[PDB]
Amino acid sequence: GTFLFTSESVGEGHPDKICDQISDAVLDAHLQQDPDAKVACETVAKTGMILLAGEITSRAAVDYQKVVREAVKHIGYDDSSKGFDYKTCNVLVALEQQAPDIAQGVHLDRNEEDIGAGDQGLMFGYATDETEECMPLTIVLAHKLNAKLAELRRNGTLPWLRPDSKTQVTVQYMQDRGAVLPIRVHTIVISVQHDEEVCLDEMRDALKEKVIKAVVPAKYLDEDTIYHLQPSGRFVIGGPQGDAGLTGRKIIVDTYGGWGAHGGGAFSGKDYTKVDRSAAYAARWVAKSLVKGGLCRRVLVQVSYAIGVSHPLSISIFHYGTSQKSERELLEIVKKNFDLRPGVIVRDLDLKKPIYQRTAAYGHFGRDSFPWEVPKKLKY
């Protein structure tokens, strides 16, 4: 019955993640001035360049140079020696108005609850009782390891740390009547960018003692746990230098780390009419409500939409055999407790609030301060 599972996470300096964070900084800037801004901001990062491309219709007046550069500064790129500098990089902007064909078809002249989905697509929600955050342990640990790196970097506990990082966590699992039971951490891989003025031995020791031991519960670590710390050796240069990144290229990392399923839509740079984000958030909220409500131990939720149509086209519940209720009974409960129109989801989850930059690293799910992470008390 046993298996290994591995999830990845990347730090704020990974070029794909730079792009997600910039995209969401641009979104939040619009939303601070215009709660109804329509935003579809894609970011591209490569040697010496950030480019913004997409569609925005907004009453806000946003200084894109400042927003981009300040976000790059926040990430921690302020020098050639690091591979990238917010002060001297190229910032190119190709942002236009949202197509009138789209605007007319989705949101123009409609009451808020009746706003059409901004696009077709499918979205999944997932939850699992194996952690208190109702997330897979592999992806929880991978994200927490990258967050701890950035925390220690920014407060000066390990001042040699730089922004680019990647972590991979392999956990050995047992199964229990469709639930999954994590038993031990099999392997932890951590690669992190660093200043020239530190040796590998010191870094590797710090990674084990100040990062891994601070984050991973001791019960899961044992004599046979494999540690690959700076496995490729030195990593002085990182970020976009000799690399290319794009918004929405870490969607598995952003969600459940390979668990459950994904509908393919990216989250970052998109306002709530883009169901790729708002309905995946709501479906997470549904999944977590079902598990915390004690209706199942593990659950996958699918929803889908058509451009310009307010209501979901389909809703599906898969409980992995972990409920006394049938999947049809759970679906009926979901339909009685949730209204998954984007114009209702927006009110329920407060999705005009400019909190999206916070979502763009360390996973969109599993943190308690977001409204989709507060379970709904269900009536049935």
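Residue numbers count along the first chain shown, from 1. Here, rigid core means the biggest group of C-alpha atoms that superpose within 1.5 Å across both forms. What changes on going to the form deposited in another entry:
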Contents of the next structure:
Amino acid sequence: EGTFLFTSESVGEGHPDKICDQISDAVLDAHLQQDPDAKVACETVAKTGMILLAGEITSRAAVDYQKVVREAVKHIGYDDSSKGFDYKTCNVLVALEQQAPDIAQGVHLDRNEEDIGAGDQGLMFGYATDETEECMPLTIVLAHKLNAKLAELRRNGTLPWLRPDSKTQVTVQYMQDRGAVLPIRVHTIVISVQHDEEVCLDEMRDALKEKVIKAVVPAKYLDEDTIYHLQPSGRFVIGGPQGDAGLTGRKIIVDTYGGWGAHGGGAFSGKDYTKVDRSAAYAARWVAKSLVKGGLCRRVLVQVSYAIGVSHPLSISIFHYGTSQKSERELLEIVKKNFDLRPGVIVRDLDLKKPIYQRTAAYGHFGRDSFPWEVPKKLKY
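Switching conditions: you have the form deposited in one PDB entry, so give me the form deposited in another entry.
If you are looking for partners or other molecules, they are not here, because only the chain is given.
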């Protein structure tokens, strides 16, 4: 009584879906470096030996897709056929067209920037919670940090048997204080990570407990009853796109709040700011974080929605879980007085023409690195 379990997951940089997200954002950044107004909707698919780029780009940039893609795969760490994938020798296929003129004319052609229409219809959510300093659920924060630690240990040579493809999952036991949530302990941790053929299972499991989990999880959350599922499959030599097809926008919950809050369904990666799936979700996080860091609530969910070609949101909704003294209608009035959620204004407030998107494409878009949507707005009311 009083307590509940909640589970979130994360994946590593070499997870095949995350490879695609990073590639799509490497392509977007490559365009934005030359043409800040590039319209980009780049999807990536990865399978054994293949990166395929599909989608719509209208840009003045001259982009060497072979170079951009292969350098992103190189950074991930897939550089030899022994690892199952190699940037030097894989197939890069490109099926990219111009943005449809019907779309262009409906959304941005001949518009003043501040009044550009939403690039599509859709709904988007932002969330924030005071349970961590990052204003993110602990479950997802820990899941991400476990994967980041694996990559650190791989890249510094502490654990040279590690590969790039990894998944993690953290279940935390919580209690609730008046609609806010308070983490008590880590209940279960799962880690699966691709490895070389020479390392034995007990060495891997020992290292994952001692060098990864204990290096990442605050000791106050771990106890003798914590359940560890470390390399639970027994063997994970084949990995990366060879083991499992990857697509852009197939880790949208990993990218956001790990099951907490809500999601409107739109992927982030490979999309420029006129795609409100990305710009308005970023803005909504910025709103949610601003409400919490401003002391107006402890936990909050923000919904916004759009129609293609229409610049203002169709709806805005605030849910505070009972964690404010203000009514949800009062918070909504405060949001409406302080934020302009048109895509052509968000772009200016969050500096969304800057080529920083590849950095967002692993370890979550929120809760790290003081990106502009992570810097709270000082609210007037």
